[PDB]
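Engineer: Chain by chain, the residues run as shown.
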Amino acid sequence: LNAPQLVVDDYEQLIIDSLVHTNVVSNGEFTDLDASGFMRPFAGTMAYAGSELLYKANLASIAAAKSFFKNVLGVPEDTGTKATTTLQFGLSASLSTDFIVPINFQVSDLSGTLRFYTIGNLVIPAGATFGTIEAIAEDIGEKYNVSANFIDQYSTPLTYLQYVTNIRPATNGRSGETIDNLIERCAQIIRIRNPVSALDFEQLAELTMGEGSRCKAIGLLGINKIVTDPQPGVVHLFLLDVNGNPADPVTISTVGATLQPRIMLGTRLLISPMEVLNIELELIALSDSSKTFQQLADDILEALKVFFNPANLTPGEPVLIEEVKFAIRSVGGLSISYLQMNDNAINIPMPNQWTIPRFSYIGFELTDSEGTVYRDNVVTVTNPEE
Amino acid sequence: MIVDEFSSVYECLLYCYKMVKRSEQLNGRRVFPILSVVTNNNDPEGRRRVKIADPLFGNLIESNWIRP
Amino acid sequence: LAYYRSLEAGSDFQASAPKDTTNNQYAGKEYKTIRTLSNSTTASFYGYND
Amino acid sequence: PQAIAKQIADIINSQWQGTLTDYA
Amino acid sequence: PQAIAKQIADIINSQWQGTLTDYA
Amino acid sequence: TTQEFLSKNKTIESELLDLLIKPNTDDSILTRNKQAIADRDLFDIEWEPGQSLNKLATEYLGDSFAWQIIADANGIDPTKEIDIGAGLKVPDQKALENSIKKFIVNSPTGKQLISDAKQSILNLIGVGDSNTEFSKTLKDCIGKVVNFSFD
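If you read the protein sequences in the order shown, they are chains b, E, A, H, I and L. The authors' numbering runs 4 ahead of the 1-based position in the first sequence. Just so we're aligned: 58 in the authors' numbering is position 58 of the second sequence, and the numbers increase by one with no gaps anywhere. The authors' numbering runs 250 ahead of the 1-based position in the third sequence. The authors' numbering runs 665 ahead of the 1-based position in the fourth sequence. The authors' numbering runs 665 ahead of the 1-based position in the fifth sequence. The authors' numbering runs 1 ahead of the 1-based position in the sixth sequence.
Keep in mind that the hints are not guaranteed to be accurate.
Claimed, not checked - Cut-off 20 Å, straight-line C-alpha distance, at most; resulting in silico cross-link-like pairs (EDC-like, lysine to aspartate or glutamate):
no. : chain 1 : residue 1 : chain 2 : residue 2
1   : b       : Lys60     : L       : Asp78
2   : L       : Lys23     : b       : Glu327
3   : b       : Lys295    : b       : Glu306
4   : L       : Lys35     : L       : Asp78
5   : b       : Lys70     : L       : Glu5
6   : b       : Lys295    : L       : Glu5
7   : b       : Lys295    : b       : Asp380
8   : b       : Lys329    : b       : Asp372
9   : A       : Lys279    : E       : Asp43
10  : A       : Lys279    : E       : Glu45
11  : b       : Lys229    : b       : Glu279
12  : L       : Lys119    : L       : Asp40
13  : L       : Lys23     : b       : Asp372
14  : H       : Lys671    : I       : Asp687
15  : b       : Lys309    : b       : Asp143
16  : L       : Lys137    : L       : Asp117
17  : b       : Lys60     : b       : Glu16
18  : A       : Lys269    : b       : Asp102
19  : A       : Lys269    : E       : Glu45
20  : b       : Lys229    : L       : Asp152
As the list claims (entries may be wrong) - Label-pair ranges, simulated between beta-carbon atoms:
no. : chain 1 : residue 1 : chain 2 : residue 2 : range
21  : L       : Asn132    : b       : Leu203    : 28 to 34 Å
22  : b       : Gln110    : L       : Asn148    : 38 to 44 Å
23  : b       : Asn356    : L       : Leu21     : 29 to 35 Å
24  : b       : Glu369    : L       : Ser150    : 54 to 60 Å
25  : E       : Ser36     : A       : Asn289    : 54 to 60 Å
26  : L       : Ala96     : I       : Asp687    : 34 to 40 Å
27  : b       : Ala202    : L       : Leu114    : 50 to 56 Å
Hints were generated in silico from the structure; no laboratory data involved. All C-beta atoms, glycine included, are put in the ideal place defined by N, C-alpha and C.
Pulled out of the complex, with its shape left as it was, chain b reads as follows:
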C-alpha cells in the first residue's frame, strides 16, 4: 500500500501545470494561465484522459507486489469472523417424546438487533429438560460479542419450549483485518520454517488453535517457571484459548501433538495455560457536547475493547497509562481529565513474563459544558475468573 508514486496524478493539478507549461514552452506567447478561463475546456479534456491513464500507471508496483503475494503463495482474502456462542434451550415439561430444535433456529437480544442462528439440529431426549447447542452470529463484526445471558429472545415458538439463553459470552466477532494484519499474515508464511526464536509465538496464536487465541514462548524456562533458573534445551509455551481464557488441557494436548514433529530432536517442549490480569478503569472526562453521553460511553467502551484485544496485546508487557489515554481520546469529542487503572494513575507491570491484561470494569464520569455529570459503570467480564 505504501508504494512510491511514479508521476503526479490529479485532475486540477494536471490542468494548472499543463497551462503553466504551455506558457513556459513558448516564450510567454501563451498567457491564458487562468485555470478556470477559456482554455479550461481544452486543458480539462486533456487532463481527464491524463488522469485516467496515470492513475493506472501508478499502480504497476503495487500490482506486482499483489501478484507475488497472491500467485506464488495463495493467501485467502480474509473477510471477517462471525461470533459464536453456546445456547441452552429449556423445556416447559418432561416430555414422553424426544424434542427437536431445528437447524438455523433464530434467537436475539432484548433490543432485537443482534440475531444468532443454531449450527445444527438439537435433539433433547425424552425425559430431559435442557439441551445445549452452538449458535453463530447473523453477520460479522465486533458488535456481536455479547455477554452471557443476553441472547434470550426468540420469535418462532416451539411446543413446550420454555426458555433459551447463551451460557457463554459470544466471542471472536471480527469485522475484518487491515492491510498491516494481512501483510503480517503473508510475511509469517515467508518466515516460519523450523520455528526457532519465538516463531512458536506465531505458530499457535493464529494457527492450529484458532483465530482469536494467544501464545507466549519463553526459552529456558523450566517446570518451576522461575527465570533465574535457566534450563538449556527447554521451550515453555503459555496459551490463551480461542475464547480468551487460559487454555483448556485438551487444547494443550492438541497443540503439543501439532508441534511435536516440528521441534528440534532432544529439546523439551513445555505447554501451560496463560494467566490474566484484570484491569479496572475509572475515567473522568470533559465532553465537548458533540456526542451524547450514551454515544460517548459506547464509543469509549468499543475503543477499549479494541485496545485490550489479546491480539493487540503482547503478554508480559506493561500497560502504559498514556497509551490507554490516547486510545480513549482517539474516540473524539471529549477531553480527558483523569484516568485510574487498578486504583492508581501509574503504569501497570505484568506480574510475570506470561500474564496478559484483560480489562474488566470501567466507570465513566463525564462532564459537559452546561455542567451535567453523567455517571455510569460497565462490567465487561462474566466474573473475575472468566
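With chain b's structure known, arrange chains E, A, H, I and L on it following the hints.
Structural biologist: What follows is chains E, A, H, I and L alone, placed relative to chain b:
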C-alpha cells in the same frame, strides 16, 4: 366475476381458470363428515382416542387415531 | 423452593403425557391391574413330565 | 396473419357457441 | 395444413394470453 | 497445568495445519497472457519500412486499438525497435474467436459457461460492453453512494 350469456370462449375458460382453485385444493381431502364404526378404543397414550373402520377403506386397512 | 411450590400445588391428576408433535407417538410405561378374575382359585402347570 | 388470427377467434368463439347450443 | 394448424394454435394461445391480460 | 512434550516425527494434527505456500496461478498481472493463440491461426508477416503496429492492427484487425493483441501475440515491447525484415505474427480477425476457450465452472448456484483467453482478446471482444448483459452493468452501479473517509 359476472360471466353472462354474451361471453367469449376465452373468457369462459379464464373464469374456469381462476375459479377452479378451490376445487383443486379439495383434491385429496375429506369434505364431508363421515359415519364410521369404532374398532379400537384402547388408547395407549391415555388421550381417549379411538380407531375407526371408515367405509372409504372398506375395513381392509386400519385408520389413524381419532380424538374426542 | 418446596415452600414456594406448595403454594400453587394442585390436587387433580393427569391421564395423558405431554409430547412434542402430534405425529409423534409414545407407548405405554405402566402395567395397571384392571380387574380381579378370582381372589383364590386352584391352578396347575402343564408341560413338565407330560 | 393478424387478420386471420382474429378470424380464428371469431371461428373458435362461434364454434364454442355452437357447442353451448348443441347441449342439453 | 400443419403449418396453419400450428399458426392457428399460436393465434389462439396469444388470444388467450391476451384475455389473461384483458381481464382484471 | 504444564504438559511435558518430547520431540516426535510424523503427526496428523500437524498435517491438518501443515502446507501453507500454495503456487496457484490466479488472475493477476503475470497470468493475463497465459492463453496463446494457435500458430495455425496467425499470419507470418515481415517488417518493412514505414510499418507500425497501428497499421498492422488497422489492415488485418480493422481497429486501431487492436495492436495490443498483436504485441501480446509476439511478446513485443512496442516502444522498442522492430528490426527491418524481422518476422511478426498477426492474428486473423475470423480466427481470433477460436482462441476463446469455453469451459463449464461449477457453483453452488449452478453450472456456468465461461470464456477464457488472453486479456487483450477479452477486452477487444467485450468492447462497447455488447457481450455483457444489462443486468451486470446495473449490478455494478447499484452502489452509487460510496463511503469515503474524512480527515
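Engineer: Hints numbered earlier in the text: which of these fail when held up against the supplied structure?
Structural biologist: Hints 2, 5, 6, 13, 20, 21, 22, 24, 25 and 26 not satisfied by this model.
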